[PDB]
Structure formats: C-alpha cells, structure tokens
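Next up: a single chain in structure tokens, the form deposited in one PDB entry.
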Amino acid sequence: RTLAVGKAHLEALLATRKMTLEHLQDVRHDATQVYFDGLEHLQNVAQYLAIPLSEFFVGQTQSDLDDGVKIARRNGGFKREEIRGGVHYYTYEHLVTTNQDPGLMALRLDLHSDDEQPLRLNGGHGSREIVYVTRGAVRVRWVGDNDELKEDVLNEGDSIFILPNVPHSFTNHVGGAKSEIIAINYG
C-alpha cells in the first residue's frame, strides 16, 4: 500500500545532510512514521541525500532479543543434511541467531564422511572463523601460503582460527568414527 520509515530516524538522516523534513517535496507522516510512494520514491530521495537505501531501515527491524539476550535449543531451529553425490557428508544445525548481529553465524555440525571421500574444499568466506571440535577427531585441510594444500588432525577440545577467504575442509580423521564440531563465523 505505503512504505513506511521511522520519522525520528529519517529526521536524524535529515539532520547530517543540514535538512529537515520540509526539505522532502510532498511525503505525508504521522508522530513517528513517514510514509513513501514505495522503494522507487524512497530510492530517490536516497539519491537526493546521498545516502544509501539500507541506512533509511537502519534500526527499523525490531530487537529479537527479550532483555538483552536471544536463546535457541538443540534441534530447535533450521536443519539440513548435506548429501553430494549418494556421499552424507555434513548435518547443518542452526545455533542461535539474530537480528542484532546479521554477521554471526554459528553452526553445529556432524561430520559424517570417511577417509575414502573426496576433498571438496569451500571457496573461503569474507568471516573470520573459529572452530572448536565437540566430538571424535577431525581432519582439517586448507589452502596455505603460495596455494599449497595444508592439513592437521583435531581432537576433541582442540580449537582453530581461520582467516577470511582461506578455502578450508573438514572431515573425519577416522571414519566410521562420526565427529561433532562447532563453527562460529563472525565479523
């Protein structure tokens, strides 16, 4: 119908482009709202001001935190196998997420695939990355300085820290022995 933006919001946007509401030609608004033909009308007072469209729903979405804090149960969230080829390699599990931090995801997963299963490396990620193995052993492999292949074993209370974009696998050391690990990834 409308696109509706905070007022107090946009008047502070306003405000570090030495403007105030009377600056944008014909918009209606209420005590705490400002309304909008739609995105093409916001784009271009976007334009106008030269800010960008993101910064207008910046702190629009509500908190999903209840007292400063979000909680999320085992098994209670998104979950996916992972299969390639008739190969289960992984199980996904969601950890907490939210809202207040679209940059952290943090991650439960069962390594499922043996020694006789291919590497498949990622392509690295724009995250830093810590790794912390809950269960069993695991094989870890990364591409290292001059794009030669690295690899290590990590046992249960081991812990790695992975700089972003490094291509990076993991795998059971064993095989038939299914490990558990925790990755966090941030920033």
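Superpose the two forms; the largest set of C-alphas matching within 1.5 Å is the rigid core. Numbering follows the first chain given and starts at 1. First, how it differs from the form deposited in another entry.
- When the rigid core is held fixed, the Cα atom of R108 travels less than 2 angstroms between the two forms.
- After superposing the rigid core, the C-alpha of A72 moves by less than 2 Å between the two forms.
- Once both forms are fitted on their rigid core, the CA atom of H88 lies 2 Å or more apart between the two forms.
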Given for the second form:
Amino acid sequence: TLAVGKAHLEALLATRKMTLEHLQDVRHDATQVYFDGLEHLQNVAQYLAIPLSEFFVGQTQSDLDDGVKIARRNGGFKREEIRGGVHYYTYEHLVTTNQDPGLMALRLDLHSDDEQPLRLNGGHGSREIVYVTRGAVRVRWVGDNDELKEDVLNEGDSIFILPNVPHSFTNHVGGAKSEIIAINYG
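Okay, that was the form deposited in one PDB entry. Show me the form deposited in another entry next.
What follows is just the one chain, with no partners and no other molecules.
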C-alpha cells in the first residue's frame, strides 16, 4: 500500500481535466489516495500520461527546521578517495538538504602531490567554487584546446570551475597537507 497526497493527486488529475472519479478502483480518505503498490501507481501514471516521478515531486518532507539546516564538524558522511593507486582526497560532507539536492558542499583534505601521478577527474555538470582554508594547493585543469594548465592557490585564494572542466587539487609542497572547501551547485 502506497499513499499519495490527495490534493497533489487532484492537481495532477486537473492537468488532464480529470477528477478522482475518473480513476478506476482507488480508495481514498480526506487527505490521501491509496494504491495497491507501485505497479498500480505506475499504471495510473501511464493512464494519465504523466511520468511516475511527478506523483512524488514535492512530496518528500523538508529536512529544514524553521527555514534553515545546520551541520556539525564530523557529524555526517566522510570517505577516502583513491585514484589509480593514489590517495587523493578525504571528502567530508558539510550541510546537505533535500531542499536543494544539487548543492554538494565539501571539506577536503588533500593527500597527493607532484611525486604521485596526476589524477584528473572527467569534469562534472555542477559548477564549483573552491576556497583554500589551509596550506598551499596545486590546482591543475584542462583548458582551451585540451592544453593542461596549472596554478597555485594559497590560503584565502579561491577558484571557480566551469561545468565539465576536468580538474585536480593536490599539495603544492610534497608531504604538507592542505585543506579546501568546495561547493558544487546548480
């Protein structure tokens, strides 16, 4: 048994000039409408020619409290990142929210340097802005005409990276261990 909010379902129905009465075999109460499982809701979605996802758009409960959400150091997800055989990053999630799933804010420790081989990613859809909280960071990316570029970012410097530009952050000084903040969004 799968419940869908009644007002929401009625709104979808109204996009097709319909009402609950035009659905075959559904029970409902004053706030919900009930389906005999996912296959049943899938069939109703085909009947309305609306993809299944729409039946859930907006229907997840907000994880904010009073318009805001707070996270604490080490309070959430954390993970090492190893590329080819090279320890490259420690990813720590900052605050994350279902009210903007495209926002991924991270604190990273950098573990590689010039003595290890380069491990560029393939770029990604998200824009990114990085701020250096500590140390000295070697940044490398693939620029115009596939030519490799590099620079060095010191504490308090920052960088914006256009979507799908491949990039790497490493320690400028080998054995030193820098920290950056990275916000992907939009």
